[PDB]
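Let the sequences and hints guide you as you build the complete structure.
Listed below, chain by chain, are the residues.
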Amino acid sequence: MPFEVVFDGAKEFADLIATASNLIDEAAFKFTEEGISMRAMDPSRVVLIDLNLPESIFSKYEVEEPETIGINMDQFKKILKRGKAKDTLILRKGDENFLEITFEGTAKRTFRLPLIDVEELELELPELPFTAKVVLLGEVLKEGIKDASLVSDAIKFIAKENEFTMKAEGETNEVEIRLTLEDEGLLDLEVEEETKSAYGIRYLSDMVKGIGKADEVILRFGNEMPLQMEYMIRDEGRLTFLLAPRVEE
Amino acid sequence: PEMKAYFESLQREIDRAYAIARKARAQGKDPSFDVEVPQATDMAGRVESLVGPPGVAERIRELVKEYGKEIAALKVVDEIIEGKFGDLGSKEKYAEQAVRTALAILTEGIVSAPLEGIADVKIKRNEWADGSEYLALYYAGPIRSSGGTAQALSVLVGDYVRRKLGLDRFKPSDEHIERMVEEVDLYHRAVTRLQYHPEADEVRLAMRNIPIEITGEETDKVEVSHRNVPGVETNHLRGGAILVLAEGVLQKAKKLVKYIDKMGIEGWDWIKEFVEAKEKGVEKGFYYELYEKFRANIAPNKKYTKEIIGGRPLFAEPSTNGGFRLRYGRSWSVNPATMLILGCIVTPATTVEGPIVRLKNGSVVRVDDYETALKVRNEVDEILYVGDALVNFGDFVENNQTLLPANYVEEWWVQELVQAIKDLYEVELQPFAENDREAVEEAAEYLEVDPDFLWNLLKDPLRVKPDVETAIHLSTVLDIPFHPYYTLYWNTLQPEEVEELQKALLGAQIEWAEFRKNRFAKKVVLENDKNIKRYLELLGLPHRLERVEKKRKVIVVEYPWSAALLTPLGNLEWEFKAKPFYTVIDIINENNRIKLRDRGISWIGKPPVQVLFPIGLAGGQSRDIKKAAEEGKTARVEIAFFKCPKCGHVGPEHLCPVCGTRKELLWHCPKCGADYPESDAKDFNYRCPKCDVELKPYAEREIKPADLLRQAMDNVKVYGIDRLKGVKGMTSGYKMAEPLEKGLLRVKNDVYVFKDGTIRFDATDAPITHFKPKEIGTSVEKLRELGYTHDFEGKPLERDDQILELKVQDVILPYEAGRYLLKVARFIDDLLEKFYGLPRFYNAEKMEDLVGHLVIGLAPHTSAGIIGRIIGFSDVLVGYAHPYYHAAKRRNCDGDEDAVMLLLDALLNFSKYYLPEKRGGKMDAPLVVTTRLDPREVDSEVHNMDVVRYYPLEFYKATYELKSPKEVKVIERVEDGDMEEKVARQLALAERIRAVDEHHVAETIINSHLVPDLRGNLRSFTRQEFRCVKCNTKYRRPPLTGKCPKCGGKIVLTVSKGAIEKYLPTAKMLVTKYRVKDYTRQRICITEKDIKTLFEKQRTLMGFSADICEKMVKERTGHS
DNA sequence: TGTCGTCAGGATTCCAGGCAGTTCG
DNA sequence: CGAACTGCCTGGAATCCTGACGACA
Ligand SMILES: [Zn+2]
Ligand SMILES: [Zn+2]
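These protein sequences, in sequence, are chains E and B. Following PDB author numbering, the numbering of the first sequence begins with 1 at its first residue and continues without gaps. Numbered by PDB author numbering, the letters in the second sequence go through residues 8 to 288, 315 to 364, 372 to 382, 400 to 662, 677 to 1047, 1080 to 1198, 1204 to 1228 in order.
It is worth saying that the hints were derived from the structure and are not from the lab. Please note that a few of the clues may not be correct.
[Unchecked claim] Below, simulated DSSO-like cross-link-like pairs (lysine-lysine); rule was C-alpha separation at most 27 Å, straight line:
(1) E:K167 - B:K1205
(2) E:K209 - B:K1205
(3) B:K1205 - E:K156
(4) B:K1153 - E:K146
(5) E:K78 - B:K1205
[Claimed, not checked] Only part of the chain B face toward chain E is listed, based on derived beta-carbon distances under 10 Å:
(6) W275
(7) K1205
(8) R1207
(9) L1209
Think of the CB as a built atom: it goes at the ideal place given N, C-alpha and C, for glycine as much as any other residue.
Next up, the structure:
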């Protein structure tokens, strides 16, 4: 139960947990000898967020025993609003339900909070054949989704051999973006067959606005199977969103 | 005595305030030159100010004070009809005035029903059958809640004036009775819920019995099946007349037969018919006979059944019966400990004991005071008892309410004890107070008790509770019943189960202690596994729990709580046996030389407009005068303009600010183009030769408030304003002006206001039997300089904790009301220093300075304002009142709270022109102040004073004999959004579950709310009435035309789907927690309705959404 | 006459990219 | 002699208390 994690500057982790809170409120961080893990489902059982951070991310990391703790997303969002980019985040926990967040600098800050428990059921996602993989930049996808957000909500991604297309249909508007290997927004392609699927972009737009511009993304999808967008944190941690498309035309 | 001098000082201060107001109004900056709110001399003055005539006060006083109010009013109406003081018009006007005066006299002049609610009364003839008569009673708005008593009295006076005029009996036609019963059933089924469900035969008998027909007015736009009925001008619904007749005859039978016996008129035996129709409903122990009497008493069962009309039904606690305590008091109150540990009207009583519950630790404890209540108000496990709330006997309850079974109380117990010792040892004493030295000394010598202890016991038996040892010691001499406060509730157990209780007690550990030849005990240690703990916990006894004692569940009961259970059993000496038709107390009294009694037997159960500035559509929706001045737009209003004889300026203001005089009012014909002053209007008989229309002072024209605002700006001289809007519609007939300077001052003060025209703020009070300076926050020297020199018993005032009688002119008023009154006084002093330059009379600038002045209270349906003095305050969000300041007409008047106001506020901002022409709100207007309520000064002063803290031993002994509660002789002898609501409902369900030990069923009001919600939702969806956003008046048709042709924007629609979407989870959680039938169909129907109205478009490979609805649907599918 | 939902609306603070001042081969 | 690296600061936008509306009992 007791642990201590010290890191000089955690604005990335702050905005990450802010996006997780905007996604869902009930979340439990499992602390194991390897690091931290979290898996948040959806109240409408349509979206799944997963994150893992090993012990090669923060500066100081001392854990006693692997367990599962819970932190309120509202109480955390009421905490990250004071995180300076040049601060030293220190998360301390003992045996009692007291969580300490410490910051060292021009004034020693220390906030104590109660620790409630979360009992969300965890189940391993079954393996599914992707048949479509691609690695792109985050800024291009973010600006495309922000340009196609106001016209409609169903954005259609089509992928063929060395070809990608992001389109936005409708009745009084149409948007189209082409992507090839010699373009300025595609890093690499691993397409297998001709796939095409339309997805909603509310949670998409929120989660891609929460992520910075220089970060990269890896999309895995198929014909009509759910999409998985993954990315890496400091080349050590992993974070993946997963959500199914719509059946309509 | 000195109360007359105090009232003289009060009226002297009132006259000083009146002289100040007169000196202020002497300048004449408002269209009014006389006092609008005069003080009433008596009921004669009240009725004269209500309807008059102005000068019949002498005859009214003579007749009343010489022959009684009833025949006095009868002869007064006779004289008014005969025209003794002269003539006043036609016979119809005579009848109208007589009816109004009679009703005002019998109602004491408090109700404005005959004033405005009943506008006109005419006589009309039947041109169809035989030429009989009907009263055309042109009613008005404020008559929908005229009151059942007032409606019955109006029917009585109408029949009386009909008998006086000598009219013919109307013939009830088939079409007439058909449309009457149709309107009745329509109002009962669709319009509004009724207070008394009528019957077809009953309403037919009534409509046939009424000699002359009655024709009311229009209420709503609801048609009938038989169109064009002869007699009525339309085919609308006469719901007003329906409710009038219903609450008049079908509800007020008791007062009706009382007034019948008072008057003596024939033709009313159908009320006796209705009484008859409602009248169509060796092994013998004393407690069994009492149970048989309670079973024969149908009133408690009928009340428990009728209590199902409100609140969640079928949620009664099985441990404790559905009733509170009965404390007989002259003429409800529940201990706030139960409210803190937690549905009807509430009333606080903190000076009594509380309930007893168990905590999370497993032990059982009772609630005593506020600190312990707030401490244990969160660690409760299950509610055992409800406490001991007080219901009295002086309540005016009718409809054959049977006698509630009383209880053996400590006061009655000690009274019987002292009477027994007086008749045995020949010792005189005075109970209910401190005893004399010699008497208390001889009593202490006879009873082996302390004299000071006996004094304290006689002073307060509940506070000074004797120890159980000495209690049993003194009981062994007289064989008196047991101590009630330390007597458990045993009236719900079987002797076969009591035998197992005595077996478990014998199989337990016991230690003894005796005191003064009383072989009592010292402690009992029991194991919770030795017997069924159901009744062991339902007994409601404070025990201590222990776990680490080699045994899982151990309980221990020490003194003075173990002797209270062991000594009634005789220290387990004699053997207990089970006997039917004999309660446990009966068996105990059988197998013992001491007879006991019973304890628990009583079971009874928008828009927020601020200023008056007519702008209409010229203001749009917000109607901001600052916005209008910035835009520089005109305004087409139907308003009254003025004209100055010297300057000549025209404007809707009262006084001309350019010059130093007040401008007069000009008259204009709206149809023609002529203008004439008041002199020409009164000379031309108020008729224009151009247009033959009555000369109206106001006209419809355009004005520019943008440039007209500079006048008010330079008049107020203060430009501190942030947000301020004007009125939109005018309800008055003349549509007179309003002081713009006073409106701007009110805006800068940032206070609220109603549509009445003055400043009044709501407050809630509740009278109590006593009064304490410690609680009201006033010092002894403060009361002395106020005028109090002695206590309720003649002793001087030196102690702050001096229990006193409830003073009449005292106010227990909350801090919010105090702050609002402070802001009102600030605005008042600001206006009186900026309007005329008058010195501040009150000079109030702090919270404590307001104590001493005079305010006015007013309830709905009360056209008279009760003048009270500001003596007191309050810390809690509620307050207390006086039984004279709060009467029955102020309690059952469609409102429990009352509005408070200041005298200067009324004197400065009151104007009859602020009253609508035909309709009216909850009240007409605070026309007249009243302060004299002399409660039999020279006749029954002892009756008025001696009301508190008396216990009738006679009725306490004669309560288990099925006495008649309507015994007037014995009565006189003894007298002599969503979050808060959802959380509250869930917490109420949870606490009910804790109390009933996790055993409940479904409710019915949830469906009674959902089904009408679903139907209304469907009707709104099929109607789809839209409204243009900026075009606020033009309602767009459901046929969509793209956009509003006058406003190229969106059109606001009435979706009404967000409420049901939030109510669905409530029913879902309810049906998931408890399983019930007859409603899964409704649940699946509403869910599928939402689904196919939207027609859940995305689904993953792993679904399995848990839903009890889908579970039950699949179960029914498999069963099919 | 009490309650409950929706909508827009303008005033507010928070975030981000352009204008400007500044130390590096 | 030019290029990143900040401040900062002001535009753009998300949030929200207030002001309209309708629904039931
Ligand atoms: Zn003038
Ligand atoms: Zn005219």
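Non-conforming hints, listed in increasing numerical order: Failing hints, ascending: 5 and 6.
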